[PDB]
Amino acid sequence: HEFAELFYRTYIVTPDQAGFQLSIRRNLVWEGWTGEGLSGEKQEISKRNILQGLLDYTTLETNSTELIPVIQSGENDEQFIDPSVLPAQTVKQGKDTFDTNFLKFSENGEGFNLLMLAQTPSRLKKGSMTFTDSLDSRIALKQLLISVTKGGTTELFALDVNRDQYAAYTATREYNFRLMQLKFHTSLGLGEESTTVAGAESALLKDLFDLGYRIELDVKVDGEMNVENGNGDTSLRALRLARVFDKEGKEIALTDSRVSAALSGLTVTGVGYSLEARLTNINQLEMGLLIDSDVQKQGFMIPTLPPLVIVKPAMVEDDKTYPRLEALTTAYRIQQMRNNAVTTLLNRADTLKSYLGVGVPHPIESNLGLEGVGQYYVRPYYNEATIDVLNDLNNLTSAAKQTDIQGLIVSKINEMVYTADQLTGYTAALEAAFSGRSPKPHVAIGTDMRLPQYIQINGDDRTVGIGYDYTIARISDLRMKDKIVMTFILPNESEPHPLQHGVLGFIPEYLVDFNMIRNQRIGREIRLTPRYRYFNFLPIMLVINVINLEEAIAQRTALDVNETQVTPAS
Amino acid sequence: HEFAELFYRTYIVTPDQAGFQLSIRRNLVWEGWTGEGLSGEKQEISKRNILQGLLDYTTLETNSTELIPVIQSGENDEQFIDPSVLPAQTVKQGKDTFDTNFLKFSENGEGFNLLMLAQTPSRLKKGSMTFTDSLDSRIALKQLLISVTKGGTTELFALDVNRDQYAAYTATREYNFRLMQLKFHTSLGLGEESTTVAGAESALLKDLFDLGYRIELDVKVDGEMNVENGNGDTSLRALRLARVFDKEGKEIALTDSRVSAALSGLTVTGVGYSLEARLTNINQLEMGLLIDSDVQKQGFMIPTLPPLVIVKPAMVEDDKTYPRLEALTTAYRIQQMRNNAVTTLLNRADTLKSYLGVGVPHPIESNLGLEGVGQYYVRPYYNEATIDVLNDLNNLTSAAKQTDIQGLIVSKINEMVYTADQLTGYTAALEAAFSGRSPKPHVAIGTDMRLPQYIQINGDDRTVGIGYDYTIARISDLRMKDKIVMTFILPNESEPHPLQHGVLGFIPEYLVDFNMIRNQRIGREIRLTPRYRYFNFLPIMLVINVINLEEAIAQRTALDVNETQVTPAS
Amino acid sequence: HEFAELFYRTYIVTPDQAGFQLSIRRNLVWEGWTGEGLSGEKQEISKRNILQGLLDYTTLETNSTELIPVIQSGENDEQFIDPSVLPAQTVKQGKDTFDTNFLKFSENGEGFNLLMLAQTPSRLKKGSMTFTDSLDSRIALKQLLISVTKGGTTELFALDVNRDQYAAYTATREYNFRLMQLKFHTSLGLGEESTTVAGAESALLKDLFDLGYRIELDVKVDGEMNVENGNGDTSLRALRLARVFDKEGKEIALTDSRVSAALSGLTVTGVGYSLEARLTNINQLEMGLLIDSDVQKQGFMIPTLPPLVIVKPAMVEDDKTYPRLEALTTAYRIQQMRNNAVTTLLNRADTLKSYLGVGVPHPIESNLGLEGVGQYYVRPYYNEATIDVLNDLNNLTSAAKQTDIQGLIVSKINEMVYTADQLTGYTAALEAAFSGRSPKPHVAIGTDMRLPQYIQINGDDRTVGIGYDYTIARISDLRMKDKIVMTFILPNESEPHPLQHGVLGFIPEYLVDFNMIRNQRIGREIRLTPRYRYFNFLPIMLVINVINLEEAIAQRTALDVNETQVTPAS
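Protein chains in written order, with UniProt numbering: chain A, 193 to 762; chain B, 193 to 762; chain C, 193 to 762.
Excised from the complex, chain A in its bound form:
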């Protein structure tokens, strides 16, 4: 039948096995294990699924090879800026906690070593740095600091320079072939929205921004770096108040009184800088993240069902008196497939609403008492929405009633489907599992034959989705009156996956005909012993319950008469 086909796709197994088994492979990040101390206790493994990385972002944020300065009290203080203008800041690299601060410009021209400057506590336990380490091809200034002082008040700006492409170190030939040169000759723009290091707008220049002026600063910084031993230095060359622009961007000279009043006595000077660079890690000094795969399996069993039998005169009359064979298949089709499918669906609905709760998600693989193996891939979720048609709708006119009903129903269906999609991350799982193409997720709409006219919206073409395709089915059971059941299914592939909603374990059963005696009777019997069952994988299902639709539709004819009959006027 169509309804059973839509939700659980038929999968046939040769009658030699008791069922089918699924093997599900998972990918996971291993940060380590607990139990390097001894307590004679469970070893507890910190394990989590990588597919959770489809939603969260902190799941994979790795910078262990990156070079950043490390603060050491009394060892390299003289190469750093004083802590009297910007105290130390806390940063986390890997699992180590340590502080850093901005480098100092070479006042006279003595250099700094980056390899010595970056001694993380983890690498200290690793063994002192050797010569084999090599700085990456990419080295650049990432953040530059300036000091705005006017009258004795100093405000600091944390200006991101890494975006400009002149901060990229460029290769030079000058010394052997190794030194890497920085040419940073441009104008630095401090805008109206530029905020202080503490996170606030400036006040010394606030007079110009109240007039909405932007100030240009010309910055001249130069330096050199060697990619073999971390040896190098960078120096400040020149910096001066460059230009000022009005609303439209037209140039306003420095001598103009519009800005000289707010720029008198105003000093801008370079203070410190930070260097963004890595190694060329081929020494494998740095450990990444362990990626591990486990096999999870579940077994499925296929039973035998109660039999169905026919009485027949054994000797003769096997063609026209008493039923021919086709009645057997008719009974088989009517009862075993359609009738059992509906009961299975409703059982799934009650099981979800019971175990999972209404409108509440769960962590990936946080439930083990549910059906199927989709919990490895999708977040558990369920919801139930009730539409009170009479309460939310009211119109005396009996002509646009269809449109109002359709608007309500389609509104609820779309919003609920898409809220569930957002909370599940299903489309991400589909995109990750398949390669070469990302078929659009399919939404299943299986309902009774009362509602379907309120699902398709007149005058339109896209009915229930703009990123979805749909299929509407009708079933004639008396249980599903005024009920809307929806879930995610795949339309094409015919083999069991955790992404597929449901399967029909089917064993072809051969018709057994033979003569058996009953109590004082001789008759041939023909028997149909089915072997089938429905299984489910997705822990996702959304239900709409509508009541009192009849009263609202009857309100069409319950309106109060409004007649108009007067002499025509023209």
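You may find that some hints are simply not true.
No copy is singled out in the list; a pair is fine if it fits within one copy or between any two copies.
[Claimed, not checked] In the DMTMM-like style, the derived pairs of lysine to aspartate or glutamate whose C-alpha atoms are separated by at most 20 Å in a straight line are:
hint, residue 1, residue 2
1, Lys234, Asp410
2, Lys545, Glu393
3, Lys296, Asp269
4, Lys342, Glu408
5, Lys675, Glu607
6, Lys239, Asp352
7, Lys673, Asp542
8, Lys604, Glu742
9, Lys234, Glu443
10, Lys442, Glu385
11, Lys334, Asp410
12, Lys439, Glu223
13, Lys673, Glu440
14, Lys442, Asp269
15, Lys604, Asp674
16, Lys593, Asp580
17, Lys318, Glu717
18, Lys442, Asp399
19, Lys442, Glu236
20, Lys593, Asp652
No wet-lab data here; the hints were simulated from the structure.
On the provided structure of chain A, position chains B and C as indicated by the hints.
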């Protein structure tokens, strides 16, 4: 992931070079050099980009070779009209400032020499006209000054004749084969909207216009001029009040009482005229705009990224036993391609917000801090708007809620796209940059998985694209919760180009399998060291964020029940 | 650039000619010349365009050759009805005027010669007819006059009979081969609203008519006539009241009291009739209206224009150093096409406004001062309208503003298009221009790049073209900010034509390479001197001036907070 590949077009680079460099070719209009080092300053070569000719109309105008009479006392005063009838006017051509006025009509057969009459100071510097110049093939009348005098009151009119059918000299041989003829015998109409030189309708003819009449004057003007040395003359032969027309287009005589009073003693006389003449410029004696091309370029280089790790038993084969650890590849994908992309996009959003301010266009090449090249082509512009769903809308019925929401969001999107393009002139840049084809501009919309129900209107085919092509992408990340990021892309191109939004500089990495001793453990290691970077070219971006939408959706439930249960009447 | 050629077709012109000229062969219908009297003044020939016949029907029509009974008092009145029953009526044919009346039903057996019971003064002046001409094969009754007498009150009814096929004389020989008889055997009915000769509803049949009754009169008319020599006869043979119809079609007899009251003593007798007969004009006695061809000529000149120059150091190769002409091509395109297009368009718009005024149609060929040859085919017309977006609307919510603005703009633009086309007769002129195919008239929409989001209405297959097709273009100029310019164009043809809106007479330009020494500089030079000019032919234009739109746009952000926050109820 479809979102990532939508904005950043994958560019493949062989693993032998640190990156790629783009040589951008600019063309400029030279105007003049300002500042000298004889006073402590440097030269600033004033160069302005032609592409702003897309948006302005004066920088690239030129009328150097057009002939205009010059005024000075005692040397050419005779060939001009009396200066006390209409004072001289100051008109500016090239770098020379001068005066002009109408030529007085010949009466005795004595005319004028236009060529020698039309020497501007720049031509004086070059040396006086020898025989070298040549009046071009086209000569036409510019304007006729006719004075409507009634009694003692004189009124002046400035009628443009250069748009007439027969105001252009027609070549004819009845004489020397360089003589050029004019035969202008037609009627010009002075209507009810014709305006005097100093403004406002004429007082003398106000009566006819208040009744909506029109005045036709037969004009007979003839003149001869030679295109070899500039001997010429023009004589007015006839001018007389000819017809009067009513409001519907019917003739009214010159004597009828409807117009007799306002036309009794009315005299019209022709006073002066001008000419459109220019040198044939076989001569190379006056130079137009001087155009120069400069070559700018940028270095775009490629880093490497921290690695990923697998642990495997050592004493077995890795070449024929056990998979290639697909978990590694999936972890690489999710970790590296997707999250870095959204992080870079959001950082670009914040950086533009910080630098350019909201809704403030800047002139081209007026800033250098932004990463990319498109600032050499398109005006920088960043505008963001927040839409408050509950405040700006008023609804309680569930059925019509999405209709209202769609109207709101689509209206805002169309507003933002059209206004942003207007301020940037994007499509003009595309038209000028591409010769031989013009790709229809494509607008990109990238958002989370919640909104897209509202981006696309129900019932139509043109949702956000009225004159644009759109592509909607969805991401499941939690950063972009109910947000929309918008910018322009190019559909069918695969290289770095100044009008591309951004490129993913990709160089594939080498899978590495070796044994490494790790804390007294002998295990196989499989490391993949990703290496890529998200670049950014186009300095225009549009971001809208929806808030408080949840309460508006809940308003589908927070309606007050309007229940009317009245007895059916008919 | 689309906005350019969408308005002006780029018509190539050979470099040998100085321009192109058009000859417009004009059809004129002759009416009459005044001044055959001896005075020695300008003769004015009344010539009027047949193309004006597209609007009016009184342009070309004649009834001269068709014979009309003329009254000649005192000589032939015996053959006419006594004018004491009906006063003589005058009719106009050609330049002759004469009085006419119905011929009497001759029961006394003596007939009438229709030829000699006709002849106008013009026919007499040309010569009294002498059986030079025969009569047409079709002759039929035109009018029957029947007198209704009841109680001494007489009412006259002028019944139109020419629309029955039994009154058309049927060729049936029995005596001569040119003799036809007439049998009129049918019923004539008088309706409840049939107006009488006096021009009002009846007073003796009013009783029946007011109740919705109708009266049927059976008429039995026979007549004989020979086209050989104008011999003919006609006699009345029978007339009575036949039956009476109700307002449904059921028969009611005379004896019935409902109709017997108004038919007592009611006697109806026919008194006269008229004839539809005419000459075969095999001998061509009569002159028709005259048609002549006159030729018009207009010449157009292609002028030279300012040049553009690139300086280039000379003694080296011109190949791979300094602009290789790319800057020349870009500057040429931009400067010489795009700015000049909008310049000419706007100047033409103001020129039309200056002459034609707002909303004032003009008769065909009534203006010659305008540019173009379109005045020879269609009525000149110019209209101007301004939409005050904020002042014409009142809405607060931001959601529906898009649709409302779209509807307003589309309504106004379509109404203006249709009004202009009706008042100009452009479509009829286009249809008369070609035979075998009539292309659908095309409307061009060139406007700035702000509005186009409003010209399209969502969900509309037919957007602005209800009985036309359209094309939408955009341009980035600042002058056209919030302006729409309109006309009609011909997309399927590319050649000059009086129905073409405008054409670019363009000349291919030859690169010039001569070395000019300039202030002791030896520099390589390249020249690209344009020559072209924009022209206007059709004097039709429509402009929409949308102002204050930005404020109504911001009115989306100006609504006064309508929030409804109440506890959910269900």
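Hint by hint, here is what the structure shows:
1. In the homo-oligomer, the alpha carbons of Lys234 and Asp410 lie at most 20 Å apart only across protomers (15 Å), although the nearest pairing inside one protomer, at 63 Å, exceeds that limit.
2. For a Cα distance limit of 20 Å, the shortest separation of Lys545 from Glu393 across copies, 14 Å, qualifies, whereas the shortest one inside one copy, 52 Å, does not.
3. Taking the shortest Cα distances, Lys296 and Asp269 sit within 20 Å of each other inside one copy (10 Å), while across copies they are farther apart (76 Å).
4. Taking the shortest Cα distances, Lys342 and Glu408 sit within 20 Å of each other inside one copy (17 Å), while across copies they are farther apart (65 Å).
5. In this assembly of identical chains, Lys675 and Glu607 lie within 20 Å of each other by CA distance both inside one copy and across copies; the values are 17 Å within and 17 Å between.
6. Proximity of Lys239 and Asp352 under a CA criterion of 20 Å is satisfied in neither setting, with 37 Å inside one chain copy and 30 Å between copies.
7. In this assembly of identical chains, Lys673 and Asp542 lie within 20 Å of each other by CA distance solely inside one copy; the values are 16 Å within and 31 Å between copies.
8. Both within a single protomer and between protomers do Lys604 and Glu742 lie at most 20 Å apart by alpha-carbon distance, with minima of 19 Å and 14 Å respectively.
9. In this homomeric assembly, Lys234 and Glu443 come within 20 Å of each other (Cα to Cα) only across copies, at 18 Å, whereas the closest approach inside a single copy is 72 Å.
10. For the identical chains of this complex, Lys442 and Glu385 are intra-copy neighbours only, at 19 Å inside a copy versus 40 Å across copies, given an alpha-carbon limit of 20 Å.
11. For the homomeric pair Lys334 and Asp410, the shortest alpha-carbon distance inside one copy (18 Å) is at most 20 Å, but the shortest distance between copies (53 Å) is not.
12. For the homomeric pair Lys439 and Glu223, neither the shortest alpha-carbon distance inside one copy (52 Å) nor that between copies (25 Å) is at most 20 Å.
13. In this assembly of identical chains, the alpha carbons of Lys673 and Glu440 lie at most 20 Å apart only when taken from different copies (18 Å versus 66 Å within one copy).
14. Taking identical chains as interchangeable, the C-alpha atoms of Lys442 and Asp269 are never at most 20 Å apart, the minima being 45 Å within one chain and 44 Å between chains.
15. In this assembly of identical chains, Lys604 and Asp674 lie within 20 Å of each other by CA distance both inside one copy and across copies; the values are 14 Å within and 19 Å between.
16. For a Cα distance limit of 20 Å, the shortest separation of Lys593 from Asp580 qualifies both inside one copy, at 15 Å, and across copies, at 16 Å.
17. Taking CA atoms no more than 20 Å apart as the test, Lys318 paired with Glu717 passes between copies only; the shortest distance there is 19 Å, against 82 Å inside one copy.
18. For the homomeric pair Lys442 and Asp399, the shortest alpha-carbon distance inside one copy (18 Å) is at most 20 Å, but the shortest distance between copies (51 Å) is not.
19. For the identical chains of this complex, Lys442 and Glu236 are inter-copy neighbours only, at 16 Å across copies versus 66 Å inside a copy, given an alpha-carbon limit of 20 Å.
20. For the identical chains of this complex, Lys593 and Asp652 are neighbours both inside a copy (17 Å) and across copies (17 Å), given an alpha-carbon limit of 20 Å.
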